[PDB]
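Just one chain is shown here, as structure tokens, and it is the form solved without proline (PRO).
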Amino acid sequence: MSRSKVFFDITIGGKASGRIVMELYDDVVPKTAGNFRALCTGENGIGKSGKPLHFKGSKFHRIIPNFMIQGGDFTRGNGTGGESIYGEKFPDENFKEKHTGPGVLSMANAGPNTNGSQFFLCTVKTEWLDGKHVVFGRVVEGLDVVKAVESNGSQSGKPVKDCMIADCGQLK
């Protein structure tokens, strides 16, 4: 299917830091792409958690230099929460796409078939995640914004300051 384009407007410590534009692989992983797209628009409203099914206002809570930036936990904000629009967890749709380099967009999980709303953007090639995380898009603009967020990560995963998805949505 035609490929959706979505964006995040990022703040770092409250400071406007630019836009990350992403292309989703609707044609390869439609269920996975459709979940992320709707979480960018917020169109499915309040989820089972009672919080909005929406990345807006959420943070990259886990950021590791030379690895990736991870976000999508809008229910607990710490890596233990998050919710897909389908309502809890859904199976890995396929592993056709691989972690080929910086910019790759892929699902975070807790093992096989545990996709929620958490995701990461790779800042390096992470071949060791192939077949274990579902890859469903890539950055096409704003890789420099991804690097700026990455600069605030630590080996420990804890960010130096709040890296927020201040706005987000779908481009037509």
Given for the second form:
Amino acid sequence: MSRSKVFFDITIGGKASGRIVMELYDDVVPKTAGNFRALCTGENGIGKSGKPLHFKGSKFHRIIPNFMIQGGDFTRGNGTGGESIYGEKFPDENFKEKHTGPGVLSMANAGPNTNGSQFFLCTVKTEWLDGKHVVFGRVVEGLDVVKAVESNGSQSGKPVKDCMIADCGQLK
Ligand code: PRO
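Having seen the form solved without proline (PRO), can you show the form deposited with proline (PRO) bound?
What follows is the entire complex, opening with the chain shown before.
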């Protein structure tokens, strides 16, 4: 069983900013990887929310310099929403992988066992999140695109302009 590869094509203020390619750890956290993979392809259609279970057209709603970029709220666009393919929330699968540096892909949450569709891409090592957020992949191409998004964040977390997942999907 091979690791999944998925991508985001990003726009910033409407402008094409390049592609982020991510490898998922299907071998370590199959359920969590599987959720994200299906959210990139959109293959499970319309969610309980009545909105597509799909990152396409969603934004990075929370961006903090020297920390991480966060998105996946395709129901409310503000961090209050999101939906996993399994339903509103699913448990923390395991904490085997750690937040070891820039490019780590990990699940956002509201406390233990509240995984939905929100995720973050780290721009630094964030070891204080180890054991609290489930790490399920890594950037393998486009870290510069992550940095471009990061430059539009604020300490407050509010973006200075819309950083959108203009397209997404699974590769190979
Ligand atoms: O949004 C935040 O600040 C925390 C840290 C990353 C995921 N949740």
